[PDB]
Amino acid sequence: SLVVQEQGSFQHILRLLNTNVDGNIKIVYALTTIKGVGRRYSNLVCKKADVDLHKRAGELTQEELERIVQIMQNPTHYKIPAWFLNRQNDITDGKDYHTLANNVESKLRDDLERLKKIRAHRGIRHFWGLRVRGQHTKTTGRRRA
Amino acid sequence: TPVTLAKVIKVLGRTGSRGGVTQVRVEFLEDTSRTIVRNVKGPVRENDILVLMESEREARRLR
Amino acid sequence: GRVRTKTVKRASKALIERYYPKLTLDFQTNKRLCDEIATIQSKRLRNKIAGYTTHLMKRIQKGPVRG
Amino acid sequence: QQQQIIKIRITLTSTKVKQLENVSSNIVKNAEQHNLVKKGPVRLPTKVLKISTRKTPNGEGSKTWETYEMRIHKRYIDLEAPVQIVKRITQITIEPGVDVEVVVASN
Amino acid sequence: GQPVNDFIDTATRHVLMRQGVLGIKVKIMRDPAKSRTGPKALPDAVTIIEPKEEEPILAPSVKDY
Amino acid sequence: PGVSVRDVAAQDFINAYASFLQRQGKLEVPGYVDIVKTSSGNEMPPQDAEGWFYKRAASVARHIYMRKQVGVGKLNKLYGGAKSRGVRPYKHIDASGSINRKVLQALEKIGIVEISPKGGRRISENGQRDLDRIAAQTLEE
Amino acid sequence: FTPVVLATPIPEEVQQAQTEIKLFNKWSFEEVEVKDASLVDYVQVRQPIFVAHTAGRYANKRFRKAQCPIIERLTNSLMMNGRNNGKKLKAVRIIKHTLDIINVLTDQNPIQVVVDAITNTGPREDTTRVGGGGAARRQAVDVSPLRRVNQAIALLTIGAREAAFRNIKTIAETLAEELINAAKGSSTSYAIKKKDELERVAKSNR
Amino acid sequence: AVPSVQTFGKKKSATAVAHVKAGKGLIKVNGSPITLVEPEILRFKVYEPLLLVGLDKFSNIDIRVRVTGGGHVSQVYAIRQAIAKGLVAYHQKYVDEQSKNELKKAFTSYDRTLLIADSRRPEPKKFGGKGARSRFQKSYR
RNA sequence: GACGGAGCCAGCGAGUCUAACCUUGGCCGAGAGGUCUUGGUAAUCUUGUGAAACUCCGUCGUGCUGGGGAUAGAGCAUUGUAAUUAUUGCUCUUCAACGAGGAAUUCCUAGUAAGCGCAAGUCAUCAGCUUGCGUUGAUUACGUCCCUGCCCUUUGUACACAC
RNA sequence: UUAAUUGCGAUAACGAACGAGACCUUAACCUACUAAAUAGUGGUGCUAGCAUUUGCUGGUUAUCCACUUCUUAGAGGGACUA
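Residue numbers (my numbering), protein chains in the order written: chain B, 1 to 145; chain G, 1001 to 1063; chain L, 2001 to 2067; chain F, 3001 to 3107; chain S, 4001 to 4065; chain X, 5001 to 5141; chain W, 6001 to 6206; chain E, 7001 to 7141.
To be clear, the hints were calculated from the coordinates, so they are not data collected in a lab. All residues carry an ideal CB built from backbone N, CA and C; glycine is no exception. Hints are supplied without guarantee of correctness; some may be wrong.
[To be verified] Negatives, chain W to chain E, calculated, CB over 12 angstroms:
| no. | residue |
| --- | --- |
| 1 | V6032 |
| 2 | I6095 |
| 3 | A6136 |
| 4 | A6163 |
[What the hints assert, rightly or not] Which stretches of chain G does chain W cover? Using the computed rule of at least three CB atoms under 8 angstroms from a CB of chain W, they are:
| no. | segment |
| --- | --- |
| 5 | 1012-1018 |
| 6 | 1035-1046 |
| 7 | 1049-1058 |
Use the sequences and the hints to build the structure in full.
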């Protein structure tokens, strides 16, 4: 039983890669709020950092927080099997990367201009604002698209 | 206490636009000489017991 | 409902005067004798005729029934 | 040489119960008048053959799927007898609508 | 009912005349009493035998031999 | 008298046998664990990333015991589940074969099961040694 | 009592039930009765039962649900969501927990409390619509006892249903709170207040 | 030799086969005792026929039960149905009907379904509606 | 309620030698799938189709939240010559509206609706469809013609293409 | 009165026919008939294991025998409102 009796060292709402993450919620699920990081990329970083799974976000110490940030930046260095990543085997430089909060939207624009620069059909659909994955546009896509 | 106890002595038959109400003849419990036709909603049998708030309003809309 | 058709009533009628003394209040024996005294294609219909003629046998036992 | 045993098995397939048990009874009574020991005629599961289709040649109207369901009935009979009389039992005891296959076995 | 299969046989033909096609639907009921297959009596039909009743005898006796 | 693993609770047996396996420390955990969601239709490896493999080992041990012999496919089908296919209705999807094969291959060396020349994996005398003993211990805990 | 020893080990908490039939081996049908006239022998409690799941046939005859034990019908009435079709055994799990709650609440058998709640939340009289024109009217007369008990159990379960929605409150304690309040009389529960309101509407639109 | 009668019980599709022989009181379901019958809220329901007439007679009779088909609660009723049937069968074959009729009276008086199978059976489903009765949603314009 | 672990019970099918069908078991593989072999022309081999709801235990704890999976991004596979105007499945990344619903309206009285899954038609691949099969399994009423239709008797009619 | 032009009964109508029904198929009953390695069960029966006062399992017609209650499916029987 993790019956905790601590002092007033709890650390509240925090910033990791300049993203607001609550300190009250458990670390594993609270860390999905950084953009480009989802449920499983947040669970595996915790277990690989060997940090405490059954603990909130205000009880984990600063050093392990920085090492978690380090692991998130470096998936190539912590036995992440390269199929667990977001940017699997990219197009330009061929390296296996993972895109983060300040860059998920950057790459979201990036693939967009490259597609609309090659004048691809998916790119022009992105440009016009329609769907891209070849769905049925006749009945749906009315209230926000 | 404005409560009266009565017992079914005869089921008469179903009335109402939806047929969901039934005419029944009922005689009190606290005395065995006051018997009145009244109406009931749900399923009914003989000798059922009825708690009447006002035991005076004779049945309306008979058939 | 289970109302009996004219066929079963007709068969029971034609059955009762033809074989009245042999018929009895007992449905089981009556259903059995329905084999020798007549031919009914289905056991169900034979049971139907037997069931009707049992009731007619009883009713004749208590008072004459016109028809 | 001394009345070699075969352990023969016969399969009888048909859809019609009356004809299937007609030929089955013919075979069984021939075995009985040969005074033979065997396993009784095993009746296979009632093989219903269920298929559902529209009734409408067009698509207009109420949707009427209705099914043509078959009843394949099979019986297999074990027998232990010489060739000389299993050839008799295969040349006879047949009729249209039933197909009989005779197979040697060690069962 | 199945008496349709038991006793009716049907046959439909298309007949090509100069103007078009005529439909011919011949439906035939054979006599159930005839033929030697299946039932000879309709499900509704009821057949009653003649009882051959006799006069009551009022002289009980024995045939001995 | 006779105390084999059918008079003891199945869930408690699996838990206790997993604890016994953890203490004994002869389970050769394959290492890549905590990356497989244990179900190809699931969305995450278990919450007990430090003992769920041992739970799987104990459960498979009981499964092979209660059956004659079981193959990897009948491990997958039983250890699968209803995948939430998203905007479509649920469908049952076969789980990951990797955990099933590795847990069986693990039990091959301890001796709980063997290759079952007739079929897949079947109980062995060595497995009968420890499983019913665990049942007896848990009965008179 | 010198319990019998069997080659199959049966716990003493099952052996002791041999003396008298005990609902869930904790709640007894002795010293329990329907205190409400007009609902006696309709809120069926006399006959014995141990669990509230029975593979019965009560939709066969007009008044064969009347003899059904009330716990079964009430538990069945917990099965009411649109997503909770089926799960009758989940319903009996919930009733088990809520009966345990009620026993601690009242220094008394919980089934007496639930019987009181049914009797007190069964609306005695209400109205039916009469008049097919624009100016329709609500004509109010008394209610048959079986209709009363069915409304009572439905309203109890509906109060639990509304309270259990979108809150941290456990359904077991919600139902227990609702039942105990309906029995004792507090008007802080949904069923008793709606019973009051329906009867009052009938009292006024006579 | 060993006096053994056989009975069975039946729900919609769960079928239970039981052997009732003169013995020590071994009650099992597919090899597990009556005290480990799943689930716990329904275990006492199969316990019912045992408690209805007291364990003294079962001290002389051991029943072996195997269940195939159906669903979990369908079994849960099927075993108890079969147990009542096997008890009355044995105590008809070997024990006086002065006790046997009291047994059958008690069982059916408690619930008629202990020794009578409820003939409530599913009926086929008709085109135009998911369930046997209900049809699809209707449209107008 | 979701998540995770564990317990873990069917039926109705179908399936290739007039050929590439159904595939067990073992191996590779996070998965998707690939692989060697086995069995089956079929109550036998898939298959006790170990299916899911359900059950137990634990996490979450009123936060549109861990519900939800919409749109979109990247990669891995199978079928097809061919997947682009994403076949489909799989991996990860995103968690949008949606706090249960206005008029209106659909279907339904017992193994019933509804929850749950499976099979099959489709088919080279595609099942949110559908036929069946089952698993769990209600409430309410045993009625009335008020609403909607249909039918009958009478009635009225200048209609009969028939209001 | 019936689900029913289903019947009772009243009758210028009588006797009829088709439809309904009757028919058949499916589902539940049958410790009764017939059986069975393509279905199962019992055998301190064969062999072996388990835990040890003996209970649970694996190869058991091909390692045997006895059977059909569960399974199957033929013939029937069963309710016809008794």
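Hint check results:
no.	hint	in the structure
1	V6032	19 angstroms, holds
2	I6095	10 angstroms, violated
3	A6136	27 angstroms, holds
4	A6163	24 angstroms, holds
5	1012-1018	holds (count 3)
6	1035-1046	holds (count 8)
7	1049-1058	holds (count 7)
Of the hints listed earlier, the one the structure fails to meet is number 2.
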